[PDB]
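Next comes just one chain, in structure tokens: the form deposited in one PDB entry.
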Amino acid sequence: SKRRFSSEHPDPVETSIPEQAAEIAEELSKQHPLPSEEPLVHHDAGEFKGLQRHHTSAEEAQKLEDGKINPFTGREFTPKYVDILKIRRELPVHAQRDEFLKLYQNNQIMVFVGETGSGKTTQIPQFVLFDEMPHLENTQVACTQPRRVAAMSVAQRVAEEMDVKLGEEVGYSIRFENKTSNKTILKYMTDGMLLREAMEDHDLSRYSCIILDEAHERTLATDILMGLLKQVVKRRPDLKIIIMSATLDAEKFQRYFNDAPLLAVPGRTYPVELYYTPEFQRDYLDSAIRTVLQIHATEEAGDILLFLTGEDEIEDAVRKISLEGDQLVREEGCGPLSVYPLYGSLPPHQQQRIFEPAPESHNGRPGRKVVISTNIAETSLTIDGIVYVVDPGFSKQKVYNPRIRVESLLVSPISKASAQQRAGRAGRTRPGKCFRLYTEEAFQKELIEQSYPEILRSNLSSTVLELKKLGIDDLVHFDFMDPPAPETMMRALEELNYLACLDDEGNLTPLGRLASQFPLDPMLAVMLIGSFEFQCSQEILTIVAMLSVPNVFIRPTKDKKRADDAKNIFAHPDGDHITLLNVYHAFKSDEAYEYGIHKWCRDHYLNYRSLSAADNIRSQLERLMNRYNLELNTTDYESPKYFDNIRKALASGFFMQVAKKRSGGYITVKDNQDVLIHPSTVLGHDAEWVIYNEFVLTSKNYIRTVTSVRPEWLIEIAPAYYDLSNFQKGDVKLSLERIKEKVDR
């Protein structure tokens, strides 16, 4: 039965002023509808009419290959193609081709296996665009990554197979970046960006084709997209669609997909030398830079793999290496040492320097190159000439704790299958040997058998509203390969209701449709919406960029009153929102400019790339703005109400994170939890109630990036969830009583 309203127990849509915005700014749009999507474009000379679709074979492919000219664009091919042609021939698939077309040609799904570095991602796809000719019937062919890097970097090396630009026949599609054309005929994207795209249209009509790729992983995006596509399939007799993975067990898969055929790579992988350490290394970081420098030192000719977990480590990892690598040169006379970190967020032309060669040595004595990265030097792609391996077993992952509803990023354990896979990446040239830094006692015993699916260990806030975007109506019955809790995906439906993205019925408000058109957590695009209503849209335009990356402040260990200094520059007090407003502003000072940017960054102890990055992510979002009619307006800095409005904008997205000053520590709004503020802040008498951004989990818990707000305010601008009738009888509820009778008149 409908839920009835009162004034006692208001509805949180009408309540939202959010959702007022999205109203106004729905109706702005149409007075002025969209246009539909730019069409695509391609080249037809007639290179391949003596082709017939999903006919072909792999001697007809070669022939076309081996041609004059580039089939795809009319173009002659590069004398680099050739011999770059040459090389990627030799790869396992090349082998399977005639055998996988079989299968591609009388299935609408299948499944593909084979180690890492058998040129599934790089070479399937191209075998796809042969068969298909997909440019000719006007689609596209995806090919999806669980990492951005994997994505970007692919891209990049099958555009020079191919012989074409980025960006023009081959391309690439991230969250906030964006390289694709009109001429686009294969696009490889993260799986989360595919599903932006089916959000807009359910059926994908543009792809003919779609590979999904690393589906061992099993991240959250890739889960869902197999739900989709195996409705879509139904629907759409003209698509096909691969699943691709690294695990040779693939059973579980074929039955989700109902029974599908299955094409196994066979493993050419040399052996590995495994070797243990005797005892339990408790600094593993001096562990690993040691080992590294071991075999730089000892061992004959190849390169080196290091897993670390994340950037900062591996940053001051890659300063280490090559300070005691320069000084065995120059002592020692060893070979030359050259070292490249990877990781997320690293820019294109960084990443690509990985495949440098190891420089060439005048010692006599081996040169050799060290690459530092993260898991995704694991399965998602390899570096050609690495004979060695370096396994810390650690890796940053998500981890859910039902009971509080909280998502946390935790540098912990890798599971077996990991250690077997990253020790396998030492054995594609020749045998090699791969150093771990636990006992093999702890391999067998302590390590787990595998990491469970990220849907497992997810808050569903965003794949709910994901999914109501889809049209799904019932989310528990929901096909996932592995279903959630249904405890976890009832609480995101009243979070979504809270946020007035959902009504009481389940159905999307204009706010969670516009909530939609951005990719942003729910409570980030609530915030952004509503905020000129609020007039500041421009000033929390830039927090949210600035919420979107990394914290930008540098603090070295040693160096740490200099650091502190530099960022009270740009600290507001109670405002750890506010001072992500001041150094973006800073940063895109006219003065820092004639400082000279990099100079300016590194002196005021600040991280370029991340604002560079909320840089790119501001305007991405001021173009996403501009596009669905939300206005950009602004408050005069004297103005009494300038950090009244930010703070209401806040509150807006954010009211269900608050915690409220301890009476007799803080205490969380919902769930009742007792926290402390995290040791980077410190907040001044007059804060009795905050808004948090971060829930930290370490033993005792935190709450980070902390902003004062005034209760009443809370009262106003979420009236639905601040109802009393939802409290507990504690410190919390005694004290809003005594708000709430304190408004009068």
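Residue numbers count along the first chain shown, from 1. Under this definition, the rigid core comprises the largest set of C-alpha atoms superposing within 1.5 Å between the forms. Compared with the form deposited in another entry:
- In a core superposition between these two forms, the Cα of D731 is the only one among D723, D731, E14, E23 shifting by 2 Å or more.
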Second form
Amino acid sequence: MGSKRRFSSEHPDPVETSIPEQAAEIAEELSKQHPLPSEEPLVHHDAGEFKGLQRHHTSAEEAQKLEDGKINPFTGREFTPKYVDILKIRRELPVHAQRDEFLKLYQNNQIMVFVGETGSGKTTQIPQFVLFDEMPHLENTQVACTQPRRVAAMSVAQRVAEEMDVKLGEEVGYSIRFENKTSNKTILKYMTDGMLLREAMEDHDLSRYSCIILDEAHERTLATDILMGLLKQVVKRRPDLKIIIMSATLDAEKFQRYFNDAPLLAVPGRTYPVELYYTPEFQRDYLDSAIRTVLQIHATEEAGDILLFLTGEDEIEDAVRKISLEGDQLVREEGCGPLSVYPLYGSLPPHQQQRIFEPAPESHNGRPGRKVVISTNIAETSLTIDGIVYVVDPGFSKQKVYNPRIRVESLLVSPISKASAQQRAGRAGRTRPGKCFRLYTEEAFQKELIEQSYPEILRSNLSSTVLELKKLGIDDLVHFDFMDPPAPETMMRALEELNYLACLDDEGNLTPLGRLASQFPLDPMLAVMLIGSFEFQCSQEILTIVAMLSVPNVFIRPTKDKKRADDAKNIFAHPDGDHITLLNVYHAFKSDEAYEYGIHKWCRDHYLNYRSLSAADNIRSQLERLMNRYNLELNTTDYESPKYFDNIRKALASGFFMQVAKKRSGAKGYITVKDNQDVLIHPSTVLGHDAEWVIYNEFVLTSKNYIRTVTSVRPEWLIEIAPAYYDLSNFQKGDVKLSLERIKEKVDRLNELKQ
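Give me the form deposited in another entry now, not the form deposited in one PDB entry.
Just this one chain is shown here; partners and other molecules are left out.
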């Protein structure tokens, strides 16, 4: 890197030998032939209803006047009765008592920090307060409000659209990856932090916004950490941009310092007392204990809804059916009030999200009707369900973990932090004195649980982050002003990986491939695989595989019904090719037979998750549009062609050649090309005899090291496709890999001369 790296046939240029790079160059030239247009202009309504209001000199009183008026200032329409009822209710939120104090701070500072307990009205009200003082629409801009969580962004936008008496997708909208609900009319845009990051990649100054509100900063996601850095600089280049940092942690010092001694507004807490119940003994099996305590609460405690925290969608759906079924049994057998039960988790469709806010069912019984929401930690600080009085806290969540010594992420179910435990308990005290049932000991809470979780950036593989920073035009990656810097070595490794992928050249600059990959909301390996696929004559099939990989395991395997579940899977299963299996299932899911059969019944009878398949369907559609937009041809070859499956395996390889494992000759296990790790094929797939080399999607770390979602690949293909990576010079000494790598190359040379 110091002097220009030299390349040669023995140590080749990864960019020059990248098949996907070749595709990107073809696509780039096509685009350069018909340069795509610019963003459609924003549009707004102005009939003088804002006359008399002066930007940045607004008051709560003036705003209230408009809100109290008969006609909606942002539109031309009469305010509805629904609106007025919602209006008087939300005016009770703690944030309203400080509206004027907030405006003052907003008016006199470019950056401010805003802290308050969840439920106090931060996400719903504040951005509305800003619309009145900022009148962004009259100056041709919007205001962004960023959420770490998709569900918070979607549901809160739906609510705020109601609070503003406008249509969702119009004046108030949301933007999520693969799911956009905005238009030329949108003024207030709730969105994931990931999506604003992506907007910034296209427009470094985020010129479309006059105010950016980074919310739930206390979660310290990668995306908000990056946005905080970026915005700390953008703010020097645009005096017209205002920035609000919102957080639930009444801790602000560190944030204020980071943002050049920015001022702080704190909302006093209004939470009612919450009585804490602990288990006397350690609880080995929390699910059934959680279920038991929900039913006990419902049968014995007075009115008040229940919030149960679980860990993931499968577990949650399982608990929904068990609690639902036992609830019904309690009505008929003991005369309990009705008990409604709702799931909440990351992938829920919007309609279903909205169900959690439904009133508890009325009892015609004399015993209280009651709602149970069974939620992931979305319900920890990201949103509130009015009427919760009881929380059940098993003490676990799904957390990203990184391993520097093995260089790999993995999502594990792990004990929560004490701060998280505190937040969960707090949800019980929003409306009245509540109770929180912790499925662990008081000792464990006081001495075992870690105080605070580490920021995501310190628990992350940074290959996506590096490509993003590069796209943002950041050259000095080491000195990017992170609030908590990652270890330099994780960054270096990411740069190297991106170079091998040919997204960056050896001097750290974007290639045509890197530039194009940055246009897809996908991990670099996936985007590269997709980009190159038309060069392998199978972009239609790679399209579906990438969509299928962007979604949870689709196959349902009940513990008590394994045999039939497996029978069903084998209908689609491809030997030595889990990746092909995904293609089969999706193709069948889209079949006329399936549709004729009744799609939902079809998935159920086939042990398939309709929710995941439908999400894959939408993702495929959105990806196709990107491919049309950037001129990546949609390719396929005849299924009857001896090269069909070959092409697919090769395209997979072009992206995943660094996630390859070779069959251990002596130990009858597997060894990974990168880092030389001993691993076993995950139990969920059966290896065939001719599968000496496999490409794997995932590294799973239970008690042993497993490799999951594998497809066989010919070694000569790896060498042919990624010569720079499969150069024995950088290969450590012997075990089986280098050794049999040499053998492969020998065999390959030996074949040339004869002819």
